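Enquirer: Each chain is listed here by its residues.
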Amino acid sequence: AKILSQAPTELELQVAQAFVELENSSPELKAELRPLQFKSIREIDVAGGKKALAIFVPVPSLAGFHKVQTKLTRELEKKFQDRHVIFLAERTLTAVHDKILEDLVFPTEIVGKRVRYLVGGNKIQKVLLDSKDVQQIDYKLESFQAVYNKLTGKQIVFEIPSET
Amino acid sequence: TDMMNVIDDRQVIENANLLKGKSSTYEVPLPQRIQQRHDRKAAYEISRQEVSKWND
Amino acid sequence: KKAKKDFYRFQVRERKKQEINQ
Amino acid sequence: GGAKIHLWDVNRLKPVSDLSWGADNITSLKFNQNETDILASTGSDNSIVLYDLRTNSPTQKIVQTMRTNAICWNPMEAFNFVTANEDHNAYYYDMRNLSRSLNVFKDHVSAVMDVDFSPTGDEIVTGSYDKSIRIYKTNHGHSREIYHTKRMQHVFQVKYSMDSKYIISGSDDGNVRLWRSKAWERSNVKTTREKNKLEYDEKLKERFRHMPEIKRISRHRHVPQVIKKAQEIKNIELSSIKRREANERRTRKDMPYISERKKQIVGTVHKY
Amino acid sequence: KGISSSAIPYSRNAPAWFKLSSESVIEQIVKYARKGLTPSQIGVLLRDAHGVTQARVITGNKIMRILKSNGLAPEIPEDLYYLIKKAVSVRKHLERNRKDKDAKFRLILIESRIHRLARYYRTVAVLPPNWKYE
Amino acid sequence: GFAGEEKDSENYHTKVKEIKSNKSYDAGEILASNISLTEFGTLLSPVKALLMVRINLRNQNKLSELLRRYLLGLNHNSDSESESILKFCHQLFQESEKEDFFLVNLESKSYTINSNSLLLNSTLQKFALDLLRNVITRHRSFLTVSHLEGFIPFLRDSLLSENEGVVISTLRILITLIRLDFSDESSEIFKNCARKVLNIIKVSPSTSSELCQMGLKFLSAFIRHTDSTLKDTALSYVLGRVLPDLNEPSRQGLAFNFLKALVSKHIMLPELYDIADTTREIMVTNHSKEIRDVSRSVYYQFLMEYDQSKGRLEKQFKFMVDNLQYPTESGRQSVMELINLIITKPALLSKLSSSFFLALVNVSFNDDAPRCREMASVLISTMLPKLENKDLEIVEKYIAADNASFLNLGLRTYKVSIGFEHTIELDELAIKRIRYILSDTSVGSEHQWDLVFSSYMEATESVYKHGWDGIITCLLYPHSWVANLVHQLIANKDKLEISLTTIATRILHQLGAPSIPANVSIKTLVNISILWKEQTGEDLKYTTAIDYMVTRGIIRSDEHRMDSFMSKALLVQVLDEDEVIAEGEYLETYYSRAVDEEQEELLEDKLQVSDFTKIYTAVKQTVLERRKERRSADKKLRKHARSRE
Amino acid sequence: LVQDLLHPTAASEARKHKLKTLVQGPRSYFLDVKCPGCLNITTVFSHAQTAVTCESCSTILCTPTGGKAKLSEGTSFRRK
Amino acid sequence: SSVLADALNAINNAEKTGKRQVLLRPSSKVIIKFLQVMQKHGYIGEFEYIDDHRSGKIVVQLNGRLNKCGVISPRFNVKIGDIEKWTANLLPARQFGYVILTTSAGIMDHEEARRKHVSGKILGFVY
RNA sequence: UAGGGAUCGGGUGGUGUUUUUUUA
RNA sequence: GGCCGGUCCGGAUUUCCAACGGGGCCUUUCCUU
Ligand SMILES: [Zn+2]
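Protein chains in written order, with the working numbering: chain S, 5 to 168; chain Y, 37 to 92; chain B, 141 to 162; chain D, 295 to 566; chain C, 4 to 137; chain L, 4 to 648; chain P, 41 to 120; chain X, 2 to 128.
Think of the hints as simulated: they come from the structure by calculation, not from any bench. The reader is advised that the hints may include incorrect statements.
[Said to hold, decoys possible] Listed below are the simulated EDC-like cross-link pairs for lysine to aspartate or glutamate, each with C-alpha atoms no more than 20 Å apart in a straight line:
#1 S:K83 <-> L:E32
#2 C:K88 <-> B:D146
#3 C:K89 <-> B:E154
#4 B:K145 <-> C:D82
#5 L:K26 <-> L:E9
#6 S:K83 <-> L:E9
#7 X:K20 <-> D:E531
#8 L:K318 <-> L:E274
#9 L:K205 <-> D:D331
#10 D:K565 <-> S:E14
#11 C:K34 <-> B:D146
#12 C:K34 <-> C:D103
#13 S:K158 <-> S:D86
#14 X:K69 <-> D:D467
#15 P:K120 <-> S:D134
#16 L:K348 <-> L:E399
#17 S:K103 <-> X:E47
#18 P:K56 <-> X:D53
#19 D:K459 <-> D:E493
#20 C:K71 <-> B:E159
#21 S:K83 <-> Y:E63
#22 C:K38 <-> B:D146
#23 S:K130 <-> X:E47
#24 S:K82 <-> L:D370
#25 L:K321 <-> Y:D75
#26 L:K292 <-> S:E14
#27 L:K321 <-> Y:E50
#28 S:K83 <-> S:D134
#29 B:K144 <-> C:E78
#30 L:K609 <-> L:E500
#31 C:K34 <-> P:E113
#32 B:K144 <-> C:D103
#33 S:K54 <-> S:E32
#34 S:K55 <-> Y:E63
#35 Y:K77 <-> D:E493
#36 L:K321 <-> Y:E81
#37 D:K308 <-> L:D370
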C-alpha cells in the first residue's frame, strides 16, 4: 500500500496489514496515517533472543511521526507483539550516527555521552538517558545497544543516571 | 474461549473435550538484563540466608 | 513597538522609492 | 579484576566465568576469609559489588559518592567488611543490610588507599594517600593511633601481619616498613610480675580514660604539620557546613535528618 | 568583567512537547520580519509567545539563513546596525551639550568598537569594502 | 610484524588495499604446497621463530585461526591420504611432548621472566591443536586399530594434562573413535576420560562453556555406544548440574544431544521429569530456530517413550492446550508441529482427539496469518485419521457451533459420511440462501457514491468454492457477483459455474461495470472475454466494444488492453472498438505506450478505419476547441503546472 | 569541600551554578498558561522577557521582571 | 596560550599540590593522544571524556606517579640521531621518563618511535 | 598558597513577621 | 564443520544452522555549474 516499490517480505505484509488495520479503525486517529511511507523494515534478534524491527522512514515523517509514535508502538506491540520495534532515519557520518542514535533510543532524550579510556588502552562508550519513561525504557536497552552495534559497527552502552 | 462457549452449549459430553479448566501458562518472557536482576535478587536472598547461619 | 524603519533590504527598496519620488 | 571480572582456576588457561554487571572496570576485589565462596569487589562506577561463586553470579551493588579504593573482609564477623574510599574515611559495612554503613572511621585528611583488619578482628588499619597510616579500633570510629615518618610518602598498601602484632606499610617511595600495632608494648616474653603490672595499668587507663588530663595525654600525638593544617581547616569548614545547615533547619519545613552512616550512600540495587 | 550567558541544552532533537509544525514557525518568522523586527527580537518573540526553544534547532537552519532564504535579509549586520545607531545617538547628545567629556570618552570607545567589527566585516566581506562609517 | 601492526593500527587513514587477504592466501596456498615434508616445515618454523619471544592473546588468537586456515587447506587437499602425514603427526608429537668489579657493565636494563616459560608451553599447546585436527582427517577406511594405536598413548597425555586448548578437540577425536573397537588399554583410556569429563563437570561452575559442552557431547556418545554404562548417580548429578543452565539456551545443542542419548537409552532418572518440564518451557518460549526443534525432539521422545502418572499424562496435554494460545507467532507454530507429531507417529489419538479438535478449531479462528494455514492442515490431518465416534461428535459440534456458526460451517465444509457432509451442506444451503441480501447492490451503490463486513459473504463464497439447487446457488452467485476480494471470489465462482453449464451480455456488462466504478479481476476479465467469444450477437459485440471504450487506473488500463487483445473479420467488427485504443497511441504510462504499440502491431481496411478514426479524433479536438473558444480558468490554466512543479 | 569531580550527587548539581556544572544546561522552563478570558492554552517562557498576550483573548499574561516573569493574577499554569 | 599547554600546566600543578582527580577543558584530540600515551606508560590513571557539544571535558584521575609533564614550543623536526640528544638535554636521566613526538605514522614516545624506525617533530615530554 | 566571616548589586528557592484588601 | 530424513539393517541422496572466502550489486535520479 504505502511501502517503497521493492517487493516486501510476508512479515512486512503482516505489519502493513496492522497499519491498514489501524487505518480501518480510523476515526480515533486524526488522519495521521494518511501520509505514511517506509523505505524498508528489517528484523534481527538480540543476544536475549527476541527480535527487533528497524523501520526506515524517509524523514519528513520522522517528525511526521510526531505524537503518534507511542500510541502506534504500543498498538503494534499488541498486534505484532513481543518484538521490540524502532523507527529510523537513513543516508562527517558522525552526524548521521548521532542522529540515528538520537531517534533510535526513543523520542525520550539523551542527556550526555561519556567515553572512558581505561588503563589497558580500551575505551567504554556510555550514553546517558533522560530520567523518565524508565519502566518501559529499561526493558529495551540491550536491544538498543545491539541494534546500534549492528547498525554502526560501534560499541555503545546505555545507562540512566538513576539506581540501576 | 468464544468458540468453545459457542460450541459446547447443548450436549452433556464436556469432560472429554473441554479439558481447559485452568487458565494459560508460559509468559513472554522478560528480557535478559531484567531476568538477570530478578534471579540475582534471588541470589542475594539465598546468600543472606546462608550467612544468617554465621550470625549466631 | 520596537519595529524598525531601517535595517532591511525591502526597507531600502521603499526608501529608494522615497528618495526618487521626493 | 580487569576491564571485567574473571573467575578462573589454576588448571585451565581460560576464564571459567565472566562475572561483571555491565561495562565498568573492577578496581579491586577481595575474597572472604570464611564463607569462602563469597567475595566483594569495587568498581570505578564508585560501586561495591558482591559476588557469590556458588550461584556464580553477582548478587548486589551499591553506589557511593566517591570511589572505593580497597575492600577487606572481616576474619571474625565474616559478614562485615571495610571499604576504604576516596572521601577521607573508611566504612565498616555489613553485608546482609547494605543500606547503612554501620561504622564510619573518620579521622583522615586525604584518600584512604587501603585497609585491612587485624587477625583478631576488632582493630583495623587504614593507610591513606596522605603520608600517614593510622590504626582504628572497630567500635569507635576515630583514630586509636597515627604512624608517620618523614621518609614514607603516599602510603599505598598497608596490611596487618598474621599475629596481630605488626603493621606492614608499603609506601610510594619504594620502602616497605614494619610497625608495632600496640606502639608501647614490647615483643619479648615477660615475667608474670611484668605481665601483671602492664595488664593492670592497661585496665586502669581503660577505666580512668575519661578524666580530662589522662584524656589529653593519651590523646596527644605529633602529626606532621601538613596533616595538622589540613585537619584544622577541615574542622572549620565542617563547622561552617553544620552552622549553615542549622540555619536551614531552623527555617525550612522538612529537611529530614540523615544519619552520618547513611550519608555517603547514593544508591543500592535490590532495595530490599 | 564577569559572565552572564544563556546555556543552551545538550538536546538537539528538541523539545518533544512541541505540538506545532515546522512551517508555521517560518510563517511566524517572516510575519515578524516583515512587521520589521530584528533577528534578536523575532527570536525572543517566538521563544516566549509561540514557544520555541530556538529556531536553529526546531527548523534545520538559523534565522539569518531563513531570512536570506525568504528574501528579507538585512543590508548591514544587526550588531553593526545597533552600534551605529547608538553612535549617532551619543553624537547627537554631545552635539546638543558639547561639554560632556565623559560622553566624548564613551564616543571614542564606541567608534573604536565600530572599527573592530567593521574591519572584521570587511575581511569577511558581508558588507563590501570602501565602507567606512556610512 | 610491522605491516600487520600498520594494517591494524589507528593513526592510518586509508587505502584500497586494506582487507588482509593473507589468511585466505594460505588456505589457498598449501593446496599446491602440501609437500608435507619440507615446505611444510618451512611453514611451521617461522611460527616458532616468533613463538620463542612474547605473544599476546590477540596475536595468539590470529595465529590460531591461521593454523585453522592451514588445516582447511589440508581438508581441501590432503596430499597423500596414506600415512606420510600420519608419521609426520607422530613426529611432531615427539617434538611437542669479584669479576664484576672490573666488568664495566653500562646501560643496564633487566629482561623479564615471561620470555622463556610462557613459550615453553604455548607452542606445545598449539602444536597439539594443529596435530590433533590433523588426526581428525576424517577419510573413511583410513581408521584402523593398527593405524591408531600408535596415537592413543600420545592423546591420553594431552587429554589429562593439557589445560583447555586441545582437550575439546581430543575428546572430539574420541567421539570419532568411539565406534572402532580398540585394544583393552585404550578402552580403559575411554573409561578414564569418561571419569575425566565427569571431574570436569564436577569442577566447572558453569555448563555453558565450550569445554563442558564438548564433554557433554562425548558423554552422549559414551552413553549411546559402549557395552556397560555405569555411575548412574554420577550422571544423575551431571543432569542435575545441567538443569539450571537451561534458563539460558545458548549453543547447548550438544547438551540436548546428551539428553537425546540418555532418553534413548531409557535410564530411569527422577530428575528427567523436571528436565521435561523445563524443556517444554524453553520449547515454547525460546526465540531461536532448531533449539526449539531439538527440545521438541527430546520432549516428544520423553512423552512417547517414558511412563507417566495417570493424571500427569493428561496434565501435559493440558499444558499443550495452555500453550496453544501463546502470544508469539512461532512458538505456537512449534506447538502445532508437536501436535502434528502427536497425531502422526493409536488409541491415544482417539482419546485426545476431541479436545485437540476443539483447540485446533479455536486456533483456526485465531489472529495469526501464516499459522492459520498450519491450523487448517492439522485440522485436515486430525479429521482424516480420526475414529468413527470422534469424527461424528466433531462434525456434530462443528455443525452446531451467528458468525460463530458461519465460521464453524465454513471450517466443517473445508474439512468436508459424505451424505452427512451433504446434510451439513443442506443446513449450509439454508444458511447460504439467507446469506444473499442486497450486498452487491450496496457495493455498487457505494461505488456510485464514491464516484459522486462480508463475513457470511466470504463464508458463502467458500461454500460455493466447495460446491436445480446448485443452479439456485449459481443464481445467488450472480446476485453477489453483480468486500473487493469477496466480490472477486463471487466472480470467480460465477465464472466457474458459467464455464460448467442475454445472460452472457448481463454477466459481461456487470463485469465491465465493476472495473470502472486485481489479479482475480484479471481472471474474471479473461473468463468474461471467453464468454464474449462464446456469445443479439453483433449488438452484444457493440456493447462489449462500447464497454472497452468506456473503460479506456492501471488495472482498468490493463483490462482495456486485455479487451482489445480479446477483440483482436479483423476490422468490420473492430470499427467501433479503436475509438480509445488509438487515442492512447509514469511507468504505467510507459506500459500504456507499450500497450498502444501492441494494439498498433496487432490490414488495409483496418488502416483505412484507423486513418478515419484519427480524422474523427481531430474533429473531436476541433469541437472541444470550438466549445472552449466560445466559452472564452485563466490563472487555473497554469495553476495545475505551478502546483505540479 | 571534597567532591567527586565526575558525576556528583544531584543534590549538589541542582545546587551549583548552571555554568559551573560538568555539562551545562538551562534552568528556565516552559509552561502552559490559561488566559482567563477565554479558556485556551498557550505556552510561555519562564524568564519571559516581554509581555506575552494570548491573541485569542488578548488581555495580558505575564509582565517581565529581571528573572522569572511573574504571571498576571488570574492565570493558571502547568509546568512542562 | 595553547590548548595542550594549559591542560598540561593544570595536571602538573594539581598533582604538585597533591590531588587525585583533575578537570581539563577544551580537550582536543592531541591532548587525548598525549595523555593516552602517558596512561599507556603508567604516569596517570584512568580518565573520562565528558562530551558536551561545546568542546568536551577530560577528567583525569591520577595517583602520585607523575611529577612533570610539559610541552615544547615550537614543535620542530628531529632526527633519529637527534632524539638521543633531546632526551639528554630534556629529561633528567637517560632510561627514565619519555619524550613524546608527533611522528608521521602515529603519535608516540621516543622509544616506540625508534622501535618503529620513524621520526617527526618534537611535541612534549614527561618523566 | 587556600579557607572563612561579613557587606554591596542582581537572581533563585523557602516560609514566619512586618505588609495588605477590586485603583495601577 | 555441525543438525534433518529416505535408499538398504553404513555406504550414496537431502534440509537448516554457523565460519571463512566468491560473483551481479543498493545511494550525485532533476539542474547551470
Ligand atoms: Zn481567552
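Enquirer: Does each hint hold? Answer for all of them.
Expert: Status of each hint after checking the structure:
With a CA separation close to 55 Å, the supplied pair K83 of chain S and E32 of chain L exceeds the 20 Å bound. This hinted pair checks out: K88 of chain C and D146 of chain B have alpha carbons roughly 11 Å apart, not beyond 20 Å. A C-alpha spacing of about 24 Å is found between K89 of chain C and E154 of chain B, which places the hinted pair above 20 Å, so the restraint is violated. For the hint linking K145 of chain B to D82 of chain C, the alpha-carbon distance of about 16 Å falls within 20 Å, and the restraint holds.
A hinted pair counts as satisfied when its Cα atoms are at most 20 Å apart, and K26 of chain L with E9 of chain L qualifies at roughly 17 Å. A hinted pair counts as satisfied when its Cα atoms are at most 20 Å apart, and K83 of chain S with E9 of chain L does not qualify at roughly 52 Å. This hinted pair checks out: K20 of chain X and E531 of chain D have alpha carbons roughly 18 Å apart, not beyond 20 Å. With a C-alpha separation of about 18 Å, the suggested pairing of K318 of chain L with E274 of chain L holds against the 20 Å cut-off.
The hinted pair formed by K205 of chain L and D331 of chain D meets the criterion: a straight-line CA distance of about 16 Å does not exceed 20 Å. Straight-line distance between C-alpha atoms of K565 of chain D and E14 of chain S comes to about 46 Å, which puts the hinted pair past the 20 Å bound. This hinted pair checks out: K34 of chain C and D146 of chain B have alpha carbons roughly 17 Å apart, not beyond 20 Å. Restraint check for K34 of chain C and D103 of chain C: not satisfied, since their Cα atoms lie roughly 42 Å apart, outside the 20 Å limit.
Simply put, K158 of chain S and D86 of chain S have alpha-carbon atoms about 26 Å apart, too far for the 20 Å limit, and the pair is violated. Our distance criterion of 20 Å between C-alpha atoms is met by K69 of chain X and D467 of chain D, whose separation comes to about 17 Å. Proposed proximity of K120 of chain P and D134 of chain S is supported: the alpha carbons are some 15 Å apart, at most 20 Å. For the hint linking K348 of chain L to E399 of chain L, the alpha-carbon distance of about 27 Å lies beyond 20 Å, and the restraint is violated.
For the given pair, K103 of chain S sits about 29 Å from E47 of chain X by alpha-carbon distance, which is inconsistent with the 20 Å threshold. Of the supplied pair hints, the one linking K56 of chain P and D53 of chain X holds, its CA atoms being roughly 18 Å apart against a limit of 20 Å. A hinted pair counts as satisfied when its Cα atoms are at most 20 Å apart, and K459 of chain D with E493 of chain D qualifies at roughly 16 Å. Restraint check: the Cα-Cα separation between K71 of chain C and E159 of chain B comes to about 25 Å, which exceeds 20 Å; the hinted pair is violated.
Proximity of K83 of chain S to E63 of chain Y is assessed by CA-CA distance (about 16 Å); at most 20 Å being required, the pair is judged to hold. At roughly 12 Å between alpha-carbon atoms, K38 of chain C and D146 of chain B fall within 20 Å of each other, so this suggested pair holds. Taken as a hint, the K130 of chain S and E47 of chain X pair is honoured in the structure, with Cα atoms around 15 Å apart against an allowance of 20 Å. Restraint check for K82 of chain S and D370 of chain L: satisfied, since their Cα atoms lie roughly 12 Å apart, inside the 20 Å limit.
For the suggested pair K321 of chain L and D75 of chain Y, the alpha carbons sit about 28 Å apart, so the restraint of at most 20 Å is broken. Of the supplied pair hints, the one linking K292 of chain L and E14 of chain S holds, its CA atoms being roughly 18 Å apart against a limit of 20 Å. Taking the CA atoms of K321 of chain L and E50 of chain Y, the gap is near 15 Å; set against the 20 Å cutoff, the hint holds. At roughly 28 Å between alpha-carbon atoms, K83 of chain S and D134 of chain S are farther apart than 20 Å, so this suggested pair is violated.
For the proposed pair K144 of chain B and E78 of chain C, the alpha carbon gap of about 13 Å is at most 20 Å, so the pair holds. Only pairs whose Cα atoms come within 20 Å are accepted, and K609 of chain L paired with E500 of chain L is rejected, the gap being roughly 37 Å. Between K34 of chain C and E113 of chain P the alpha-carbon distance is near 31 Å, which puts this suggested pair outside the 20 Å criterion. Our distance criterion of 20 Å between C-alpha atoms is broken by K144 of chain B and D103 of chain C, whose separation comes to about 29 Å.
For the proposed pair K54 of chain S and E32 of chain S, the alpha carbon gap of about 31 Å is over 20 Å, so the pair is violated. Restraint check for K55 of chain S and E63 of chain Y: satisfied, since their Cα atoms lie roughly 16 Å apart, inside the 20 Å limit. Proposed proximity of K77 of chain Y and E493 of chain D is contradicted: the alpha carbons are some 49 Å apart, above 20 Å. With a CA separation close to 33 Å, the supplied pair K321 of chain L and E81 of chain Y exceeds the 20 Å bound.
Distance hint between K308 of chain D and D370 of chain L is unfulfilled; the C-alpha atoms sit about 49 Å from each other, more than 20 Å.
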